[PDB]
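Single chain ahead, by itself, as structure tokens, in the form deposited without the named molecule.
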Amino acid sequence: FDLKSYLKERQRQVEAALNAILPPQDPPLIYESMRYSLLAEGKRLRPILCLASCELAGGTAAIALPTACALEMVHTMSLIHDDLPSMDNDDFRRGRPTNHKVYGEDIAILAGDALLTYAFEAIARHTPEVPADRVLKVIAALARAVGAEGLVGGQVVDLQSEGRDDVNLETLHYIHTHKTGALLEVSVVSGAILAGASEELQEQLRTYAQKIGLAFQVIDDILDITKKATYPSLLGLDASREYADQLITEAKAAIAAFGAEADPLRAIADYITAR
């Protein structure tokens, strides 16, 4: 399976969709700020996982593309807010000034707020050929994933953990499953819901997304060391490596029943451990 080629094609398609679904409008400054962060270079993993889960569950890319775009908008608003001086205080991201360094903190906050709202608008208004009740379940699932039970909850426990000496593995698990996991889970589940997948298929994809998310975090901590409590700091390097391998095993196991449709998802799992 040519993962490099699949990812490059899908990245191009998502970037073209994002550019078309949020065109330059009035007032020009707020649209420019939003698009400055949204159309910046990125892997587009969340939209790609949404389109791949839809296809695997028998749906078309077309029905899931608004939701795919929405997932990137929510991801983008979390980065804009996190770069703020009040939060991680970053002047640069991937070689490019951060939104607030170019437009001011006030415009950056507002660009984040407008992207979060546009995510919900795009799902509700533009999702084609899916019954309303299923589109509503996606709205509810995305709202749960991004808010205090998900992304925001994770950010808040992480902030409270800064410079503590007592951060344990339960705390680390909560932070990673909420700060990053919740949005990965809803990326795959939303694609499946739009396609009209069974609860069983939804739970399989949820398992896959949680596991690859945790795997990515364990391997990143390993690559850093290749006071912040990390998987290596608590488990030890060799135990961390085994944990990462167990997570990708359980991720691939969750989608073992399918054929060629699951190959892109299998390849993404493999790539993480190969990194």
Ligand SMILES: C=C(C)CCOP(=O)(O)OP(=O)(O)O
Given for the second form:
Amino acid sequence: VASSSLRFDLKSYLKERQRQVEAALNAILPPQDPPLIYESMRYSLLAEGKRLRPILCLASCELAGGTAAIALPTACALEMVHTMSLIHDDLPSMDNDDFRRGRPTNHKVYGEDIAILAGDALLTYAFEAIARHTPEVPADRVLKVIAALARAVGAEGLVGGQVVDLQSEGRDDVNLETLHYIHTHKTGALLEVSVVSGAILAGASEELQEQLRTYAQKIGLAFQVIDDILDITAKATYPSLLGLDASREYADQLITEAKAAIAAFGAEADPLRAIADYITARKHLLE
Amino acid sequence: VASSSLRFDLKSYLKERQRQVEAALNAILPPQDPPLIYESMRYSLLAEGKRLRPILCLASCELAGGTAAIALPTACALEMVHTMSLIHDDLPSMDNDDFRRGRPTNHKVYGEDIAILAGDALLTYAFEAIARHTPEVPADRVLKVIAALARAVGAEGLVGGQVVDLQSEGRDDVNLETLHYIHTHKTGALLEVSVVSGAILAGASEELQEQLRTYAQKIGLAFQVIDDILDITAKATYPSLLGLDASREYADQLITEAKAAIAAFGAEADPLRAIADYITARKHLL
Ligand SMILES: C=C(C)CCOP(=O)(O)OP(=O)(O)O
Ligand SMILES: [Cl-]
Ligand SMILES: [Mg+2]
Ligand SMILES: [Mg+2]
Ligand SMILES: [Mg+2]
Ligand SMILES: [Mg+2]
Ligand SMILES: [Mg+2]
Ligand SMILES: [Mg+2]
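What's the form deposited with the named molecule bound like, now that we've got the form deposited without the named molecule?
All chains and molecules follow, beginning with the one already shown.
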């Protein structure tokens, strides 16, 4: 049974929030000098994206009683960090991809040196945007956002995940603990901080923060498990490690835990519920 | 006339402060999981360095009435950012160097992918160390350090400088404006924030912060001008753009402005003065 309001239109909500996010991104990082670095940063940042991390941040902030206005810099920051992770991941020294967000990868247009530096500058600007542009929130909470984002993106999060992912590439012995580590760190950490950052800015209790963290962790993992089921319902995977049946049950357990974490809230949780209902629905429609 | 105390031993002061910084670096970033990323980050971070940016930070904090203790996380952060700039600069796609800090470059040991990621994780950890580990400093000051370091290291500072440096590589038309931009942004920005960050944490006035910023900007530029004079006393340079004589006068004007900026202070400014006296002394001896 879908948790969100029966009429909730997720496609419509995401489209509006995407436009709002993309207008904020354009204004927060305007063309500046030297033109080439700002051109390269904006090339990747403003390329077509779903903007799910910023949208989760704004939604979590609102759910916790805050405004979009206080969260928008942090929302932009999450997208800058996500964008710089893709720029670095696409590089010839990493995945060596020719295409990203429907255009040539940054390094194909600007060279590997400029792409690396554009990534470095977007990572740095994420922290500046939060520190310099976050309105009304007391410094102590903005610093908590800085610390949480930094922990989520570095060796304890996104980069730690990227490293184990790279170490796993040539191997035939990847176990569930490794696969779980990659999903929770390479992708999970930043999803978690996207919702938790919104709650911190709003001044939410540690309890509320932890409920959103659980939501994000479980919905993130449910997404990866269902993705692996879809791949074979058409290199360690949930099916290759658990079998198909236990993968289906795990996905259902993950969605149930995600929905439970935000069960207490009213209509402000509808966007997060709709995201879970959609991922649930895609799971059920194979069975 | 040297501005610092007659007996001030800069070599001794730097060696003691280097030891303190390197102990802090080892404790703030201990080996952790996955081991390979922490090993790569520590490989470059704990390689032989003069540690001038952390030392400037600690010295500036103390000059402003603060302790080394409140500044040590920020000092480590400045060294992390400096270290990640060298890791990325050494990459095949950039300067393609085989050696850094007396050992093989990070990417020669760990591969280009791990070196990139080590650099990204050091950049990130710099902001975490300031925000998480700064001991009992008012949040508003710590947030100003985050904003100032981010501005100093990004497209408005260090990265902006690296980019114009890369764009200048193949050119025969590099003018004084461009050379000045590279020196003030690629190198100057992070020196400036090293001294200003210490002062901010200590709760120094805007005025004091601005005087330390002038000190760092002028001493940084004086260093680059004198380096160019030494190179030909042995590609746009101060001599190739100004000629030798105006380069010498410029260097002396820069050191004079640097010393004037901190003239008012007592013995707590002696380390900054001794750094200026040493750079002056190297100029005059040619
Ligand atoms: C989280 C990061 C660093 C990006 C994911 O890169 P992958 O190689 O896993 O996938 P793509 O986004 O490149 O397709
Ligand atoms: Cl996504
Ligand atoms: Mg990859
Ligand atoms: Mg990829
Ligand atoms: Mg998968
Ligand atoms: Mg270089
Ligand atoms: Mg170099
Ligand atoms: Mg030179």
